[PDB]
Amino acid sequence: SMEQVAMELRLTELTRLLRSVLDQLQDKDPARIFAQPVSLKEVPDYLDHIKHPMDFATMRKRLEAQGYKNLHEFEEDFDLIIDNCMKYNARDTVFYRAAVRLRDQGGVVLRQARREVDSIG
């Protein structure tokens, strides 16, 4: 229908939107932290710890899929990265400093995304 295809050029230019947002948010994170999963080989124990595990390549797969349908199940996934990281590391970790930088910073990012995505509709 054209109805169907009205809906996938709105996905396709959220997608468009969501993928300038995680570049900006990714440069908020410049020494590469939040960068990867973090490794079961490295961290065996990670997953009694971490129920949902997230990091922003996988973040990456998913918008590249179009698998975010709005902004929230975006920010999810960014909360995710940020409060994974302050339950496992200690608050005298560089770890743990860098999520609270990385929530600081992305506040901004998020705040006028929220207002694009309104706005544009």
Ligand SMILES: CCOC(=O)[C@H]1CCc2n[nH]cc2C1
Second form
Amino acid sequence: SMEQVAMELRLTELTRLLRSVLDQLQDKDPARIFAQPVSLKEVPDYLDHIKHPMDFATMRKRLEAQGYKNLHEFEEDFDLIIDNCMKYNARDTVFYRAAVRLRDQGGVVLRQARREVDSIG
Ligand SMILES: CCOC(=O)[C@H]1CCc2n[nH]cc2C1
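Based on the form deposited without this ligand presented above, generate the structure block for the form deposited with this ligand bound.
What follows is the entire complex, opening with the chain shown before.
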């Protein structure tokens, strides 16, 4: 139907906007601490600690499969990256501090992203 095409056009547009948000957020991680899944080979007990792992590469895979239906779903996954890190790692580690910084700097980006999503529809 024509509706479903228009639908898919918007979803495709959303994906385009989210790809830009994702690139902007990942730029706030120049150390690439959050770029890839936590290695289960190098951290074999990770899943005992963290029930829903997340990372930027995994977000990107879902993004290109157009698997984010709205900004909220995208934001949930970003929050997982931060929150998982701040649980597993102690307050005085480079990892925890990198998560705090990413959350603070990412807030700016996500704030305008929400406006753009509502605005454009
Ligand atoms: C690539 C080196 O960074 C890490 O290992 C940290 C990545 C973020 C994270 N979330 N939970 C545990 C960790 C560990």
